[PDB]
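Shown here is one chain on its own, the form solved without the partner chain, set out as structure tokens.
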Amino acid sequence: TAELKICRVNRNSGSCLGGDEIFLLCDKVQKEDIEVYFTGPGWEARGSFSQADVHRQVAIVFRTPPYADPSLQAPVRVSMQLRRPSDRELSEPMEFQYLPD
């Protein structure tokens, strides 16, 4: 039922230390059944936010998670995706790059 779609973001790169605030505009989602996933080879972490951070079901403001390597020497590419935990549905991925701090 329904699909997940990332429409726009304020940024697609951030520090490998995590903690950057991201504004993500999306198609209708359910605040109690939604997450933001970051994935790379041998690594996965969720964006940090609460239900109050989901605005009118069409935008999520969250903080990026720390990357697996806190002392990056060059950019690394990971995928950012919306994920509905109930049915495991995933949105098409968006490129996100973690950078040296």
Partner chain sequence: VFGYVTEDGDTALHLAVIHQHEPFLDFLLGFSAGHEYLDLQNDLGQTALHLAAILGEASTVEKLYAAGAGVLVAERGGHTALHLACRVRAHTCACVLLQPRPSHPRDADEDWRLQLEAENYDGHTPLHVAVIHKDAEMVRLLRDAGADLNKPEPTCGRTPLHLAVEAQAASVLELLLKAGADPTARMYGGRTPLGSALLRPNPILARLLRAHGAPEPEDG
Contents of the next structure:
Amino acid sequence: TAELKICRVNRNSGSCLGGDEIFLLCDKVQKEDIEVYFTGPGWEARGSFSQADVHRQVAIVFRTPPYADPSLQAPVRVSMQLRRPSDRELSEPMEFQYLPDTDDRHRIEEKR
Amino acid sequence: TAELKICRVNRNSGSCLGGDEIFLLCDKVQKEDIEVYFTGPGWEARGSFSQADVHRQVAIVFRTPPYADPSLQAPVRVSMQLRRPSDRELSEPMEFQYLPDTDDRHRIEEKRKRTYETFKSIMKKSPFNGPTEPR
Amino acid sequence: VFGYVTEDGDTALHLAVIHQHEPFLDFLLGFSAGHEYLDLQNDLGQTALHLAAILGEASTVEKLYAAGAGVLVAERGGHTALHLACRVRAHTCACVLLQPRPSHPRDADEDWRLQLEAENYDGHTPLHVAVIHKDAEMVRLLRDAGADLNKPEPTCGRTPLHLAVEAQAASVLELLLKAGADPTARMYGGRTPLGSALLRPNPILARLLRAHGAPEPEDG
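Swap state to the form solved in complex with the partner chain from the form solved without the partner chain:
Every component of the complex follows; first up is the chain already shown.
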């Protein structure tokens, strides 16, 4: 069976609020049997995308999920990896850094 | 030479200074025979990348070229399309918009001018007197 | 303590450096020293130090540093003052920062090395930036400072050597090589610096890697 592997991403950091579009290049996958699994100490979540979002089975465009803590005050490093519901296989993890929300959040909360 | 088609891009705008990395998803291409051709009235340029930047011949990661005018003062729409040096074939064009650049050192300079009067004032009101009286 | 701020979030300090007014700067620092006032960030997330670094003013960076300005604070792009220096070739500024803070301000975790591996939001440490910008002089300062020459950036695991190859900066590639950067490192895909250099135009790069014991690439 093909192995799961993330070859490259356009960015490795984003808002703790989630919603950041990520372009991910990988080895051959099956569009109906693949997901982007985010994990950290006591936290799990998946990227958001549809099958139409899997390009020639070698690329995926997805939006990052919101982090556990929306009022993050400092960058938090988590893991990003490909997951196959099929056999529960996982690719080698890739670092992803969640960042605090700029303005409005914490800004109106004793900062500004 | 089946077909040339840009299916998706991560962004359609960038600094007029060039240098923005673009992730471009397309139909099958040949890494040694493909380029990203930028065009506008009286202007052409190519995206910057190497054969190693083409992924499974269905995606390309490249940096945008600098636009003709570095001191752009308003958004300029141009066309972006795949080009095959082989038979000079071109894909349908995709719009791309160059924008005025937000350079650090220059951003500081315009901020300096915009704040001249304010600065003169703050130190005027402060207990601070002024530079040494030149003999 | 003074607390004026412009519409851009710039305090009297930010404006002292923006206006390059050493005399007033000295005045401000006269009190600021040790306070949190020094690390206040305008709306771009920049502190006075960041501004001084961008301007490439080694003398101004020392005053701020001597006064106790935070050296790990990051602006909007996650850039520390050292990161900014590496973008504008501010060699002398990097030098001021790359050593123990000056003793006492100016009256007529305290490991400065934590700056070396600080990473911005692009997943870049200062060395990555110096190489991306083909800055041999800056690479030298970072090397001597003890920066990690093998640190992979996170989009696809490129090491400093991979970046130098992408940058087609042969002299930088060599500096890295002579300093012992492991030419056997592969990015997430598996490609090595040599394998990468082969798909590049400038022949020098491949020659260097070869000359420094870089194993030959594995097909494709």
